[PDB]
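Protein chains: 2
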Amino acid sequence: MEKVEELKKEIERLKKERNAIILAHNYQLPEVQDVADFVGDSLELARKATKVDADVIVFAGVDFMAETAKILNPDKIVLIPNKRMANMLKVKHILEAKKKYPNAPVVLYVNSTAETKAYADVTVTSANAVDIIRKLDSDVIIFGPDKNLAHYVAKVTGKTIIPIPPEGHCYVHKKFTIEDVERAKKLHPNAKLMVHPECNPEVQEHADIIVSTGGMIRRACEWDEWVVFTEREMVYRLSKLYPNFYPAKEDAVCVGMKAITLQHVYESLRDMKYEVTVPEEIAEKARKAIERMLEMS
Amino acid sequence: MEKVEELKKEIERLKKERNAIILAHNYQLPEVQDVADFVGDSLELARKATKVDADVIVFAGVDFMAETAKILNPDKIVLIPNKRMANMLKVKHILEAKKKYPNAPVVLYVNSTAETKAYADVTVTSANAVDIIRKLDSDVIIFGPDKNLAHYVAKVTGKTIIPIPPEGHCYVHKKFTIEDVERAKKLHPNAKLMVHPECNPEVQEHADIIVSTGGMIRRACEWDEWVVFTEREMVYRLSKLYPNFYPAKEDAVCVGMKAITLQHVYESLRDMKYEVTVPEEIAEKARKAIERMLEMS
Ligand SMILES: [Cl-]
Ligand SMILES: [Cl-]
Ligand SMILES: [Cl-]
Ligand SMILES: [Cl-]
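Here the protein sequences line up with chains X and S, keeping their order.
Each residue of the first sequence is one higher than the one before, starting from 148 at the first, in the numbering used here.
Each residue of the second sequence is one higher than the one before, starting from 148 at the first, in the numbering used here.
Isolated chain X, as found in the complex:
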């Protein structure tokens, strides 16, 4: 195609004009990798991000890795070409875990909030998690937010893995967000919203009516169809009750996300599009754990 070749020509030009370097993950599209200056795994990209002299970094990759590069580059401009379950981990979880196991290091999988990396000793990617967790002196380790990875490491190193957030708790109401609220208005515009008390306080604010499980099965008579911010069972239950209800979230996870294409990279260099920002207070704190991971890996 001539479209493709013209894009690459524009991308190469904008590189010099913006003074930009382009990093892409190994799982990105070939066309994106082609224009990328560096292509690698999560760790390689993290390490490459400490050695950038360009004023601008285009991070052709997933969000938390883009964020991780910005944390390594506070005085540069980090861009993610496209628009954007890691918000499960709260700082309180780390404090309660450090209270019971005070000599256990806090290890966070790279997919985590910067706010929580600020309370971690070291970060890991999937490929270095076992390597690093073995290396830590303690045989008791605090680890999150990825349960699967936590179980996996547990199984391979045999060490005592204390997961965060702790298991034995239901996190359904926490996985609702302000963006889930707005979607329930642009869509289902003629409808009022039910919100369980245990939801995000930000979510509680835009809540039309606020009811618990019993409050829902009673006040479900002030509209024809509702938008219920709770366990999905309660959608079928109100449905059977009053045949004259839509779940707050769709089945598909992170829908709306578009893969990063050659055009995305072009439009990002040209518009300085989608800039990754982290508060310096939290960034400079969270940065310690990331650099530690580079030291051990």
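Be aware that a few hints might be false.
Just so you know, same-sequence chains aren't split out, so a pair can sit in one copy or run between any two.
[Said to hold, decoys possible] For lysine-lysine, the following BS3-like pairs were computed, each having C-alpha atoms within a straight-line distance of at most 27 Å: (1) 396 / 237; (2) 237 / 387; (3) 333 / 150; (4) 282 / 405; (5) 239 / 322; (6) 435 / 150; (7) 387 / 321; (8) 387 / 247; (9) 195 / 247; (10) 237 / 322; (11) 396 / 239; (12) 322 / 247; (13) 237 / 321; (14) 223 / 195; (15) 245 / 322; (16) 156 / 246; (17) 247 / 333; (18) 245 / 405; (19) 247 / 396.
Derived by calculation from the structure, the hints in this document are not laboratory data.
Fit chain S with the ligands to the given chain X structure using the hints.
Below, chain S with the ligands without anything else, positioned relative to chain X:
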């Protein structure tokens, strides 16, 4: 050490006597990798397992990968050197997901029951999940049981990822097991057991008393301290209520697991120790999805 060198000498001898090959994962201990005939990643090991002529395979690796090799080798003996959240996915989940999205392929992360691989089109490892999910013709994909991986793929391919088990549901009571019951007897021997109705029916059988959330906060007067098989909040709640309660599970995940050491490999060749078995009915079905993954990767 001379202990080490004598072990390797015994391992090498037992190799010929049993007619065995030893496979080890890249994240295993160096000493284990040393005696291993083949060392690789999850995919490499899966592929290597279709090309074994030995009568015995020692799988120095995590359980679901050991299981995956047995599925590729029904007529051989597969051994895992040591004693043993994938049981979250049930077949019903796949049927309900295929009902709403009938033209969506069922993709399962390798860490899943064989019983569910029997209802899958293809399996993935972390390193090939994006590669393969992109390759599938459909833009709607059913994917589990690993939410993290599902979100990650969603973000990178932009496709519509329908997770299994579906989100918006609490799975606390399902993550209890018969082994969690037995642990609450060898430990806390002088105590009776509370079990929520929504637990495993196998778990329900060994349940002393069976009560719901309200039934628990009432019948908590027939012992001094209890073992509560429910959400951990209910442990602190009974605690505050009747100061005259222990969670059913410990904080640490998969504790008891021991890393595979040089001795484990020796003791496994010598005792034919810890044999991985999968029912041929289910194995020969589950095998299709694994071989498909090798074809696409
Ligand atoms: Cl990335
Ligand atoms: Cl976009
Ligand atoms: Cl393995
Ligand atoms: Cl063992």
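Hints, verified against the model:
no.	hint	result
1	396 / 237	both (22 Å within a copy, 22 Å between copies)
2	237 / 387	between (36 Å within a copy, 25 Å between copies)
3	333 / 150	neither (34 Å within a copy, 70 Å between copies)
4	282 / 405	between (38 Å within a copy, 16 Å between copies)
5	239 / 322	both (16 Å within a copy, 24 Å between copies)
6	435 / 150	neither (43 Å within a copy, 41 Å between copies)
7	387 / 321	both (26 Å within a copy, 25 Å between copies)
8	387 / 247	between (45 Å within a copy, 19 Å between copies)
9	195 / 247	neither (37 Å within a copy, 44 Å between copies)
10	237 / 322	both (12 Å within a copy, 23 Å between copies)
11	396 / 239	both (26 Å within a copy, 21 Å between copies)
12	322 / 247	both (26 Å within a copy, 23 Å between copies)
13	237 / 321	both (11 Å within a copy, 24 Å between copies)
14	223 / 195	within (14 Å within a copy, 45 Å between copies)
15	245 / 322	both (24 Å within a copy, 25 Å between copies)
16	156 / 246	neither (56 Å within a copy, 47 Å between copies)
17	247 / 333	between (45 Å within a copy, 24 Å between copies)
18	245 / 405	between (38 Å within a copy, 24 Å between copies)
19	247 / 396	between (35 Å within a copy, 16 Å between copies)
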